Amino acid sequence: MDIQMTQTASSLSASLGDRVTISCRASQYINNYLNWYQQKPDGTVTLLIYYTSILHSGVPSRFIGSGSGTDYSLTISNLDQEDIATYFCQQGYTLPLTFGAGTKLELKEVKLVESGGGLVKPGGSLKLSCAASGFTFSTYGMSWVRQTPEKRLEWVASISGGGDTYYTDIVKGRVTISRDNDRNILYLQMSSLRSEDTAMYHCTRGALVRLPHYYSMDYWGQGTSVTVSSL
(Lines of atoms letter the chains of each structure in order from A and count residues from 1; the text may use other names and numbers.)
(Lines give C-alpha, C1' and ligand atoms only; values in the text may rest on other atoms or scores of the structure.)
Protein backbone atom coordinates (compact mmCIF):
# COMPACT_ATOMS: atom_id res chain seq x y z
CA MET A 1 0.00 0.00 0.00
CA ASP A 2 0.98 3.64 -0.44
CA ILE A 3 3.26 5.24 2.15
CA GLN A 4 1.43 8.04 3.97
CA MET A 5 3.55 10.98 5.14
CA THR A 6 2.17 12.79 8.19
CA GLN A 7 3.17 16.29 9.26
CA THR A 8 1.10 16.60 12.42
CA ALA A 9 1.32 20.40 12.62
CA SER A 10 0.14 22.57 9.74
CA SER A 11 1.80 25.74 11.07
CA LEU A 12 4.26 26.63 13.82
CA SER A 13 4.62 30.09 15.36
CA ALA A 14 8.01 31.43 16.40
CA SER A 15 10.11 34.57 16.78
CA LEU A 16 13.16 35.66 14.82
CA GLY A 17 16.27 33.81 15.93
CA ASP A 18 14.27 30.96 17.47
CA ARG A 19 14.96 27.27 16.90
CA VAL A 20 12.04 25.25 15.54
CA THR A 21 11.69 21.58 14.61
CA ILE A 22 9.15 20.34 12.05
CA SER A 23 8.14 16.70 12.43
CA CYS A 24 7.38 14.25 9.62
CA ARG A 25 6.21 10.66 10.09
CA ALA A 26 6.08 7.88 7.50
CA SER A 27 3.45 5.15 7.72
CA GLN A 28 6.20 2.57 7.15
CA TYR A 29 9.96 2.15 6.81
CA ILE A 30 11.51 4.32 4.08
CA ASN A 31 15.24 3.65 4.64
CA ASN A 32 16.06 7.33 5.30
CA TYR A 33 14.95 8.17 1.72
CA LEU A 34 13.38 11.42 2.92
CA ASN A 35 13.43 14.77 1.11
CA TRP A 36 12.46 18.23 2.36
CA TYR A 37 11.12 21.03 0.16
CA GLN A 38 10.58 24.73 0.85
CA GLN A 39 7.74 26.77 -0.66
CA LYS A 40 8.02 30.54 -0.27
CA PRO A 41 4.84 32.61 0.19
CA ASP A 42 4.83 33.49 -3.52
CA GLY A 43 4.68 29.76 -4.35
CA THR A 44 8.29 29.13 -5.41
CA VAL A 45 9.34 25.58 -4.48
CA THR A 46 12.97 24.59 -3.96
CA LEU A 47 14.68 21.45 -2.73
CA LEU A 48 15.98 21.99 0.81
CA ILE A 49 17.35 18.65 2.06
CA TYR A 50 17.65 15.17 0.57
CA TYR A 51 18.62 11.77 2.00
CA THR A 52 17.31 12.88 5.42
CA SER A 53 20.23 15.22 6.13
CA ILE A 54 22.21 16.28 3.02
CA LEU A 55 21.78 19.97 2.23
CA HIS A 56 20.87 21.12 -1.25
CA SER A 57 23.32 23.59 -2.77
CA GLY A 58 22.53 27.10 -1.60
CA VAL A 59 20.86 25.92 1.63
CA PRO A 60 22.70 27.15 4.75
CA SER A 61 23.70 24.90 7.64
CA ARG A 62 20.99 26.55 9.76
CA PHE A 63 18.80 23.72 8.41
CA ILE A 64 19.41 20.33 10.05
CA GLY A 65 17.59 17.24 8.80
CA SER A 66 17.48 14.17 11.01
CA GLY A 67 15.57 11.01 11.80
CA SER A 68 15.38 7.33 10.90
CA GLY A 69 12.85 4.55 10.52
CA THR A 70 9.48 6.31 10.42
CA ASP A 71 10.17 9.50 12.42
CA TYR A 72 11.99 12.41 10.76
CA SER A 73 12.49 16.07 11.58
CA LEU A 74 13.71 19.37 10.16
CA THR A 75 15.35 21.71 12.69
CA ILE A 76 15.85 25.36 11.72
CA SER A 77 18.04 27.40 14.07
CA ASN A 78 18.28 31.20 14.24
CA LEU A 79 15.04 31.66 12.33
CA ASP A 80 15.32 34.35 9.66
CA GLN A 81 12.78 36.30 7.61
CA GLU A 82 13.75 34.20 4.58
CA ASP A 83 12.66 31.04 6.45
CA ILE A 84 8.98 32.09 6.63
CA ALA A 85 7.66 29.46 4.22
CA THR A 86 5.92 26.09 4.01
CA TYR A 87 8.01 22.93 4.38
CA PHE A 88 7.04 19.58 2.83
CA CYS A 89 8.57 16.17 3.44
CA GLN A 90 8.56 13.46 0.78
CA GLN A 91 9.49 9.79 0.77
CA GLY A 92 11.36 8.50 -2.27
CA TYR A 93 11.61 4.91 -1.07
CA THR A 94 8.80 3.41 -3.17
CA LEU A 95 6.21 4.40 -5.74
CA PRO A 96 4.02 6.31 -5.61
CA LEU A 97 6.17 9.15 -4.32
CA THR A 98 4.17 10.78 -1.54
CA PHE A 99 4.37 14.13 0.24
CA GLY A 100 3.41 15.39 3.65
CA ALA A 101 0.70 18.03 3.82
CA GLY A 102 3.17 20.78 4.73
CA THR A 103 4.00 22.80 7.85
CA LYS A 104 4.06 26.59 7.70
CA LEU A 105 6.41 28.75 9.74
CA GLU A 106 4.88 32.00 10.97
CA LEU A 107 6.25 34.91 12.99
CA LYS A 108 4.56 35.85 16.25
CA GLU A 109 21.25 28.34 -13.75
CA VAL A 110 18.78 25.48 -14.19
CA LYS A 111 15.59 26.84 -15.77
CA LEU A 112 12.15 25.20 -15.93
CA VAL A 113 9.21 27.07 -17.48
CA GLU A 114 5.76 25.48 -17.79
CA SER A 115 2.93 26.40 -20.15
CA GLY A 116 -0.25 24.95 -21.61
CA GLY A 117 -2.52 25.19 -18.58
CA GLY A 118 -6.01 26.58 -18.82
CA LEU A 119 -9.70 26.12 -18.06
CA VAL A 120 -11.68 23.10 -19.27
CA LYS A 121 -14.87 21.34 -18.35
CA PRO A 122 -14.93 17.74 -17.10
CA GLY A 123 -14.00 15.43 -19.95
CA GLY A 124 -11.82 18.11 -21.53
CA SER A 125 -8.17 17.86 -22.50
CA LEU A 126 -4.99 19.92 -22.29
CA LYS A 127 -1.30 19.50 -23.11
CA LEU A 128 1.28 20.96 -20.73
CA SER A 129 4.79 21.88 -21.86
CA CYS A 130 7.97 22.29 -19.81
CA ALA A 131 10.91 24.04 -21.49
CA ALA A 132 14.22 23.13 -19.85
CA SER A 133 17.58 24.87 -20.14
CA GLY A 134 20.80 25.30 -18.21
CA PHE A 135 21.58 21.57 -18.04
CA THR A 136 21.83 18.40 -20.12
CA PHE A 137 18.10 17.71 -20.29
CA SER A 138 18.56 14.33 -21.98
CA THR A 139 20.51 12.71 -19.10
CA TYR A 140 18.05 13.63 -16.32
CA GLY A 141 14.82 12.09 -15.17
CA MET A 142 11.91 14.51 -15.08
CA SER A 143 8.62 14.55 -13.19
CA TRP A 144 5.29 16.34 -13.04
CA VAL A 145 4.08 17.31 -9.56
CA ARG A 146 0.79 19.10 -8.93
CA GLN A 147 -0.33 21.26 -6.00
CA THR A 148 -4.07 21.14 -5.31
CA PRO A 149 -6.13 24.17 -4.21
CA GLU A 150 -5.79 22.67 -0.71
CA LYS A 151 -1.99 23.15 -1.06
CA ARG A 152 -1.26 19.40 -1.17
CA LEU A 153 1.63 18.18 -3.32
CA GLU A 154 0.81 15.11 -5.42
CA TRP A 155 3.30 13.30 -7.64
CA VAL A 156 1.74 12.76 -11.07
CA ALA A 157 4.30 11.07 -13.29
CA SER A 158 8.01 10.57 -13.92
CA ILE A 159 10.03 9.78 -17.03
CA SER A 160 13.59 8.50 -17.27
CA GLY A 161 16.15 10.00 -19.62
CA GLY A 162 15.60 7.05 -21.95
CA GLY A 163 11.81 7.38 -21.90
CA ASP A 164 10.51 4.90 -19.32
CA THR A 165 7.30 6.20 -17.76
CA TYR A 166 5.79 5.88 -14.28
CA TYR A 167 2.45 7.26 -13.09
CA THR A 168 0.51 7.57 -9.87
CA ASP A 169 -2.51 5.28 -9.89
CA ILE A 170 -5.26 7.91 -10.03
CA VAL A 171 -3.96 9.44 -13.28
CA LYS A 172 -3.01 6.21 -15.09
CA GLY A 173 -4.68 6.07 -18.49
CA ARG A 174 -5.72 9.74 -18.29
CA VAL A 175 -2.34 11.51 -18.64
CA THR A 176 0.77 10.76 -20.69
CA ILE A 177 4.26 12.00 -19.84
CA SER A 178 6.73 12.32 -22.71
CA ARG A 179 9.91 14.17 -23.63
CA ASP A 180 11.66 15.65 -26.67
CA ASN A 181 15.37 15.43 -25.89
CA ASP A 182 16.40 17.45 -28.96
CA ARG A 183 14.25 20.50 -28.12
CA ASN A 184 14.56 19.93 -24.34
CA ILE A 185 10.82 19.92 -23.65
CA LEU A 186 8.84 17.86 -21.15
CA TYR A 187 5.19 17.16 -21.97
CA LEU A 188 2.05 16.04 -20.15
CA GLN A 189 -0.98 15.35 -22.35
CA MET A 190 -4.11 15.25 -20.19
CA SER A 191 -7.44 13.75 -21.22
CA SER A 192 -10.86 13.10 -19.66
CA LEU A 193 -10.06 15.67 -16.99
CA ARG A 194 -11.97 15.56 -13.71
CA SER A 195 -12.67 18.33 -11.21
CA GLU A 196 -10.11 16.84 -8.80
CA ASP A 197 -7.38 17.34 -11.43
CA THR A 198 -7.58 21.09 -10.75
CA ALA A 199 -4.12 22.09 -9.53
CA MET A 200 -0.95 23.98 -10.32
CA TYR A 201 1.26 21.61 -12.32
CA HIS A 202 5.03 21.81 -11.83
CA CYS A 203 7.72 20.07 -13.86
CA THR A 204 10.68 18.98 -11.75
CA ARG A 205 14.17 17.67 -12.46
CA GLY A 206 15.13 14.35 -10.91
CA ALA A 207 18.65 14.15 -9.50
CA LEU A 208 19.94 10.65 -8.80
CA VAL A 209 20.72 10.21 -5.08
CA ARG A 210 21.17 6.46 -4.63
CA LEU A 211 20.84 3.50 -6.97
CA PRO A 212 18.60 2.22 -8.30
CA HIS A 213 15.51 4.44 -7.95
CA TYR A 214 16.09 7.06 -5.23
CA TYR A 215 15.81 10.59 -6.62
CA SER A 216 15.38 14.09 -5.30
CA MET A 217 13.50 16.81 -7.19
CA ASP A 218 16.28 19.38 -7.06
CA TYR A 219 14.72 22.05 -9.31
CA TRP A 220 11.11 23.14 -9.78
CA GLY A 221 9.40 25.33 -12.34
CA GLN A 222 6.94 28.05 -11.39
CA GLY A 223 4.06 25.86 -12.58
CA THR A 224 1.09 26.22 -14.92
CA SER A 225 -2.49 26.23 -13.68
CA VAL A 226 -5.16 23.71 -14.67
CA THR A 227 -8.80 24.38 -13.75
CA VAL A 228 -11.48 21.74 -14.39
CA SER A 229 -14.99 22.96 -13.55
CA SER A 230 -18.50 22.38 -14.84
CA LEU A 231 -19.09 26.15 -14.77
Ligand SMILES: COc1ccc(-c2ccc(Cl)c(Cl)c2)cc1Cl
Contents of the next structure:
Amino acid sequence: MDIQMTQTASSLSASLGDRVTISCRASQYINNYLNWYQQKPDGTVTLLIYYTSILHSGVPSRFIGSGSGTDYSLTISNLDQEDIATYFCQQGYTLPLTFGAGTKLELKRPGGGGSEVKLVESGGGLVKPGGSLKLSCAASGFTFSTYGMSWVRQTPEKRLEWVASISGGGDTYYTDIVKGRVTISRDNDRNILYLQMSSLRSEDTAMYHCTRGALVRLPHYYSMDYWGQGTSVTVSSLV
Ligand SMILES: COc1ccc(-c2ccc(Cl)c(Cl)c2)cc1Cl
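The form solved in complex with the named molecule is what I want next, because the block you gave corresponds to the form solved without the named molecule; please supply it.
Everything in the complex follows now, all chains and molecules, and the chain you saw is the first one.
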Protein backbone atom coordinates (compact mmCIF):
# COMPACT_ATOMS: atom_id res chain seq x y z
CA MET A 1 0.00 0.00 0.00
CA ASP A 2 1.24 3.49 -0.74
CA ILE A 3 3.00 5.32 2.08
CA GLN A 4 0.91 8.31 3.12
CA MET A 5 2.76 11.39 4.33
CA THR A 6 0.86 13.54 6.83
CA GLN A 7 1.70 17.17 7.62
CA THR A 8 -0.99 17.89 10.22
CA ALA A 9 -0.66 21.69 10.05
CA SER A 10 -1.31 23.51 6.80
CA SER A 11 0.07 26.82 8.08
CA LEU A 12 2.01 28.01 11.12
CA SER A 13 2.03 31.67 12.19
CA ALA A 14 5.23 33.08 13.69
CA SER A 15 7.27 36.26 14.08
CA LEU A 16 10.66 37.12 12.59
CA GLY A 17 13.44 35.53 14.61
CA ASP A 18 11.19 32.85 16.06
CA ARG A 19 11.87 29.12 16.01
CA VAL A 20 9.21 26.93 14.37
CA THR A 21 8.98 23.16 13.94
CA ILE A 22 6.99 21.52 11.11
CA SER A 23 5.87 17.93 11.64
CA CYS A 24 5.76 15.16 9.02
CA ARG A 25 4.53 11.62 9.75
CA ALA A 26 4.80 8.60 7.46
CA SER A 27 2.18 5.86 7.55
CA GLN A 28 4.94 3.22 7.51
CA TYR A 29 8.63 2.96 8.38
CA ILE A 30 10.77 4.78 5.79
CA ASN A 31 14.33 4.15 7.05
CA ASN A 32 15.04 7.91 7.41
CA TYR A 33 14.74 8.30 3.62
CA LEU A 34 12.94 11.62 4.03
CA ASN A 35 13.49 14.75 1.94
CA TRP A 36 12.21 18.29 2.54
CA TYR A 37 11.42 20.82 -0.19
CA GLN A 38 10.77 24.55 0.02
CA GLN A 39 8.34 26.25 -2.36
CA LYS A 40 8.50 30.03 -2.45
CA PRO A 41 5.33 32.11 -2.90
CA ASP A 42 6.17 32.55 -6.60
CA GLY A 43 6.13 28.76 -7.03
CA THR A 44 9.90 28.07 -7.15
CA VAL A 45 10.77 24.70 -5.58
CA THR A 46 14.17 23.80 -4.14
CA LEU A 47 15.55 20.90 -2.15
CA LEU A 48 16.13 21.89 1.45
CA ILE A 49 17.16 18.71 3.32
CA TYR A 50 17.76 15.11 2.30
CA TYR A 51 18.27 11.90 4.27
CA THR A 52 16.34 13.41 7.21
CA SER A 53 19.05 15.91 8.25
CA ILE A 54 21.57 16.75 5.46
CA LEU A 55 21.44 20.29 4.06
CA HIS A 56 21.27 20.79 0.31
CA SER A 57 23.64 23.27 -1.36
CA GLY A 58 23.03 26.87 -0.37
CA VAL A 59 20.74 26.03 2.57
CA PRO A 60 21.75 27.76 5.83
CA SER A 61 22.27 25.88 9.08
CA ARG A 62 19.16 27.56 10.56
CA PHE A 63 17.28 24.57 9.09
CA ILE A 64 17.51 21.41 11.22
CA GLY A 65 15.95 18.16 10.04
CA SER A 66 15.37 15.39 12.55
CA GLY A 67 13.35 12.26 13.16
CA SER A 68 13.26 8.50 12.69
CA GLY A 69 10.79 5.69 12.23
CA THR A 70 7.57 7.36 11.15
CA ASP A 71 7.95 10.78 12.86
CA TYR A 72 9.99 13.61 11.31
CA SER A 73 10.47 17.30 11.95
CA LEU A 74 11.90 20.36 10.24
CA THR A 75 12.94 23.05 12.73
CA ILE A 76 13.66 26.55 11.44
CA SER A 77 15.51 28.86 13.81
CA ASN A 78 15.89 32.63 13.51
CA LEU A 79 12.97 32.82 11.07
CA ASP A 80 13.78 35.14 8.18
CA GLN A 81 11.65 36.81 5.48
CA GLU A 82 13.11 34.42 2.92
CA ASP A 83 11.72 31.46 4.88
CA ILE A 84 8.10 32.50 4.30
CA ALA A 85 7.25 29.63 1.99
CA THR A 86 5.56 26.22 1.91
CA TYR A 87 7.48 23.17 3.14
CA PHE A 88 6.81 19.64 1.83
CA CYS A 89 8.19 16.38 3.09
CA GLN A 90 8.69 13.38 0.80
CA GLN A 91 9.55 9.73 1.38
CA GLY A 92 11.97 8.03 -1.00
CA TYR A 93 11.89 4.55 0.56
CA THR A 94 9.42 2.80 -1.76
CA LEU A 95 7.36 3.52 -4.84
CA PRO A 96 5.29 5.46 -5.43
CA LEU A 97 7.35 8.37 -4.12
CA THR A 98 4.92 10.36 -1.97
CA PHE A 99 4.73 13.88 -0.59
CA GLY A 100 3.01 15.50 2.35
CA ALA A 101 0.42 18.17 1.59
CA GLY A 102 2.61 21.06 2.72
CA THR A 103 2.91 23.43 5.66
CA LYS A 104 3.18 27.18 5.01
CA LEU A 105 5.03 29.53 7.32
CA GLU A 106 3.39 32.96 7.69
CA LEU A 107 4.14 36.05 9.80
CA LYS A 108 1.80 37.63 12.34
CA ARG A 109 1.29 40.53 10.08
CA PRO A 110 -0.01 39.92 6.54
CA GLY A 111 2.65 39.65 3.88
CA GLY A 112 6.17 38.34 3.97
CA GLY A 113 8.78 36.78 1.74
CA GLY A 114 12.05 37.43 -0.06
CA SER A 115 14.81 35.90 -2.13
CA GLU A 116 24.60 26.35 -12.59
CA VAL A 117 22.05 23.55 -12.94
CA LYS A 118 19.24 24.68 -15.27
CA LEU A 119 16.08 22.73 -16.18
CA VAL A 120 13.59 24.40 -18.56
CA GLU A 121 10.24 22.73 -19.28
CA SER A 122 8.07 23.35 -22.32
CA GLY A 123 5.18 21.74 -24.19
CA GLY A 124 2.29 22.23 -21.79
CA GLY A 125 -1.03 23.52 -23.01
CA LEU A 126 -4.82 23.10 -23.10
CA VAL A 127 -6.46 19.88 -24.29
CA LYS A 128 -9.81 18.18 -24.00
CA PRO A 129 -10.14 14.89 -22.12
CA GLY A 130 -8.68 12.12 -24.27
CA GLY A 131 -6.16 14.53 -25.80
CA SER A 132 -2.38 14.34 -25.87
CA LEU A 133 0.69 16.49 -25.23
CA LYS A 134 4.45 15.99 -25.20
CA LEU A 135 6.42 17.80 -22.52
CA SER A 136 10.12 18.59 -22.87
CA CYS A 137 12.74 19.57 -20.31
CA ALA A 138 15.99 21.09 -21.54
CA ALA A 139 18.84 20.42 -19.09
CA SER A 140 22.16 22.23 -18.80
CA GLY A 141 24.96 22.89 -16.36
CA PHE A 142 25.65 19.26 -15.47
CA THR A 143 26.49 15.92 -17.04
CA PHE A 144 22.88 15.04 -17.86
CA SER A 145 23.50 11.40 -18.80
CA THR A 146 24.83 10.49 -15.36
CA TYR A 147 21.67 11.53 -13.44
CA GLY A 148 18.30 10.01 -12.83
CA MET A 149 15.52 12.42 -13.80
CA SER A 150 11.85 12.71 -12.88
CA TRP A 151 8.59 14.49 -13.55
CA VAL A 152 6.62 15.76 -10.52
CA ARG A 153 3.32 17.59 -10.94
CA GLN A 154 1.62 20.09 -8.67
CA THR A 155 -2.16 19.99 -8.86
CA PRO A 156 -4.34 23.14 -8.68
CA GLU A 157 -4.96 22.16 -5.03
CA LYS A 158 -1.19 22.51 -4.55
CA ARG A 159 -0.47 18.81 -3.96
CA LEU A 160 2.83 17.44 -5.24
CA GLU A 161 2.52 14.11 -7.04
CA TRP A 162 5.41 12.12 -8.42
CA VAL A 163 4.61 11.11 -12.01
CA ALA A 164 7.59 9.16 -13.39
CA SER A 165 11.34 8.69 -13.15
CA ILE A 166 14.04 7.44 -15.50
CA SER A 167 17.46 6.19 -14.42
CA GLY A 168 20.70 7.32 -16.03
CA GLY A 169 20.70 3.98 -17.85
CA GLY A 170 17.11 4.33 -19.08
CA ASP A 171 15.03 2.20 -16.67
CA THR A 172 11.57 3.70 -16.12
CA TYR A 173 9.20 3.96 -13.15
CA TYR A 174 5.68 5.42 -12.97
CA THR A 175 3.00 6.14 -10.42
CA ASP A 176 0.10 3.73 -10.90
CA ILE A 177 -2.48 6.36 -11.88
CA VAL A 178 -0.50 7.38 -14.99
CA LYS A 179 0.80 3.94 -16.05
CA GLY A 180 -0.13 3.26 -19.65
CA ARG A 181 -1.06 6.89 -20.29
CA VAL A 182 2.35 8.61 -20.15
CA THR A 183 5.88 7.68 -21.23
CA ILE A 184 9.09 9.19 -19.78
CA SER A 185 12.13 9.15 -22.08
CA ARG A 186 15.44 10.96 -22.48
CA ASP A 187 17.84 12.11 -25.21
CA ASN A 188 21.35 11.92 -23.76
CA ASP A 189 22.85 13.59 -26.83
CA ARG A 190 20.62 16.68 -26.71
CA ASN A 191 20.22 16.66 -22.89
CA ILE A 192 16.41 16.63 -23.03
CA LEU A 193 13.92 14.81 -20.82
CA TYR A 194 10.47 14.07 -22.26
CA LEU A 195 7.00 13.14 -21.03
CA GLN A 196 4.63 11.91 -23.73
CA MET A 197 1.05 12.05 -22.44
CA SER A 198 -1.86 10.24 -24.09
CA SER A 199 -5.51 9.88 -23.10
CA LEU A 200 -5.34 12.90 -20.80
CA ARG A 201 -7.92 13.22 -18.01
CA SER A 202 -9.22 16.31 -16.22
CA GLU A 203 -7.34 15.22 -13.09
CA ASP A 204 -4.04 15.39 -15.02
CA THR A 205 -4.37 19.20 -14.90
CA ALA A 206 -1.26 20.38 -13.06
CA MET A 207 2.06 22.21 -13.34
CA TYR A 208 4.60 19.64 -14.53
CA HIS A 209 8.13 20.02 -13.17
CA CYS A 210 11.29 18.31 -14.41
CA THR A 211 13.62 17.35 -11.53
CA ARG A 212 17.16 16.04 -11.32
CA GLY A 213 17.64 12.97 -9.15
CA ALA A 214 20.71 12.79 -6.95
CA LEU A 215 21.44 9.26 -5.77
CA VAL A 216 21.80 9.41 -1.98
CA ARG A 217 22.00 5.71 -1.11
CA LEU A 218 22.05 2.58 -3.25
CA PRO A 219 20.09 0.97 -4.70
CA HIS A 220 17.56 3.72 -5.33
CA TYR A 221 17.17 6.36 -2.64
CA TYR A 222 17.19 9.72 -4.42
CA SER A 223 16.66 13.36 -3.65
CA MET A 224 15.21 15.75 -6.22
CA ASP A 225 18.03 18.22 -5.95
CA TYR A 226 17.07 20.71 -8.71
CA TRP A 227 13.62 21.59 -10.11
CA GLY A 228 12.52 23.44 -13.20
CA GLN A 229 9.95 26.24 -13.05
CA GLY A 230 7.34 23.96 -14.63
CA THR A 231 5.11 23.78 -17.69
CA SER A 232 1.35 23.93 -17.19
CA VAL A 233 -1.12 21.30 -18.49
CA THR A 234 -4.86 22.03 -18.40
CA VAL A 235 -7.32 19.27 -19.35
CA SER A 236 -10.95 20.34 -19.57
CA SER A 237 -14.05 19.56 -21.58
CA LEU A 238 -14.37 23.36 -21.86
CA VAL A 239 -11.33 23.42 -24.18
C1 LIG B 1 12.12 0.14 -6.62
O2 LIG B 1 12.07 1.42 -5.90
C3 LIG B 1 12.51 2.56 -6.54
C4 LIG B 1 12.87 2.51 -7.87
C5 LIG B 1 13.30 3.64 -8.51
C6 LIG B 1 13.36 4.84 -7.82
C7 LIG B 1 13.82 6.13 -8.41
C8 LIG B 1 13.49 7.30 -7.75
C9 LIG B 1 13.90 8.52 -8.25
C10 LIG B 1 14.65 8.54 -9.42
CL11 LIG B 1 15.23 10.02 -10.12
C12 LIG B 1 14.96 7.35 -10.05
CL13 LIG B 1 15.89 7.34 -11.51
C14 LIG B 1 14.56 6.13 -9.56
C15 LIG B 1 13.03 4.89 -6.48
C16 LIG B 1 12.60 3.75 -5.84
CL17 LIG B 1 12.15 3.83 -4.17
